[PDB]
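Form solved without its partner chain, single chain, as structure tokens, below.
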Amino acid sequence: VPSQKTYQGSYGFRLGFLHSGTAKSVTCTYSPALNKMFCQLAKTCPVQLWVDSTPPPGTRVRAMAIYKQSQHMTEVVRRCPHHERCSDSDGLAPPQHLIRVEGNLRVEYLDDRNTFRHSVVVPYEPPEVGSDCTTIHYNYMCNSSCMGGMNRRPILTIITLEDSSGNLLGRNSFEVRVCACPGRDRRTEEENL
């Protein structure tokens, strides 16, 4: 099982999210209380990288999904047979991969040769001049409710900062529900608190 241990490391690495609220219109919304992203199938999911100091040249940013529950943790998170077969290809992402990056031609996809785990990795870019974080646009290409895939099992996304050799510089994670109405679903889930 991949480690989900939070690690700010030398560069003070943590994640940020847009403060989007729970209006019906929202495409993507993050719950601080639940540490949970609510997002729509194949829609922009902004994830912010915050550092106290610039990581070195060739630093990379990897995203990987795991099942949150102990009893499912060893099962590779992948798209359902249906979504794997859909003609929704961007010409870059493998059809089995849940997590894509949109708007980055330097994106790289891995099928791990030992663990069979899927991940997507981009070069780390510092913030645009006058900005305090780096934004990556993730797309989740299966719904949480898909039979043959996640089938309502909650997942975590693990974001790792690595050097050009793959050495760990930093790690953070958040729960993800891919759903039709993130706004309503977030508000409903926070009601139970």
Contents of the next structure:
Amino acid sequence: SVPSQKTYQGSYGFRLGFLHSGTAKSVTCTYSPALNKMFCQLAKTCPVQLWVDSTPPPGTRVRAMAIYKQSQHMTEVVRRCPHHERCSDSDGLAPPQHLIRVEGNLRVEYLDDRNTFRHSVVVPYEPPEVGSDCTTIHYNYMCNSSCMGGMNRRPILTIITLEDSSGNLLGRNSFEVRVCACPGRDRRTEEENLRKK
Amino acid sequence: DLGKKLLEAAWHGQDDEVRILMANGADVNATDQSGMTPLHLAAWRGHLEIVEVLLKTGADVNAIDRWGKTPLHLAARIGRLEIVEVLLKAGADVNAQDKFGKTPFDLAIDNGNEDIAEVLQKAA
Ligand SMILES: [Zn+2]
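What does the same protein look like in the form deposited with its partner chain bound, given that the last one was the form solved without its partner chain?
So here's everything in the complex, that chain up top.
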């Protein structure tokens, strides 16, 4: 069906955290809590922190999937535009059509769902390193929101699912994403619009 | 709903957003899906200044989440030394047991937080 976006903290108390990156002119990834929205540049590192109240068991997996936010587009699969699909920029793990990649994890797996045709990217859950409070995944978004052959200026959500080894739901969180040239400027603009409406 | 927004502002450490929401009377004792209040969330993430403003605003220092943890449990478990000290000053209950029977001291011990365990034992 249409993928769920509903927050579900679940038995392990699953939350997402993001860095405090501000709105400077050269910022590459920044998160607006007031919009629950990440603004990032194409292909740049986007750290997403997994915070759990208790440690889910070995074999747990973490899946990321993009959907269109607007109800009239939610049934359309989010894919890279043809230009970027053909530009030969895979890291050798990601299929060239996938919007969302994970960098720095050799155990990443990329899925094309045999029925829904939706793309997702999944890594094994690992607990925080010693001295760390959370587990960080480094995501990359491989098209701009404005890519005319693809997202074509339509907002997307990223859904992060904690799953057991069989794919059963353990927890779910989501955030809006805009992939753009100037994330700091656009964050400041959209936060100003919200404060005025 | 301003309580839902205050929960997320406190979790994400957005001090200006916390101030605006509280200036509009957002419910300081709102609870998220896990029963955590803004004070729980700020304690967990280590946002000391947000913890302090919530305590000056009548947040329940001993509110319990769905697992029976108070904010002091969270601060002791994850190693938030300054937050432990301000919670104790505000009347946090060192004897409160969560649903695993653990006090904040027990969680400090279990997580290797030696300095915090000493602070809690002196306050026992
Ligand atoms: Zn593109």
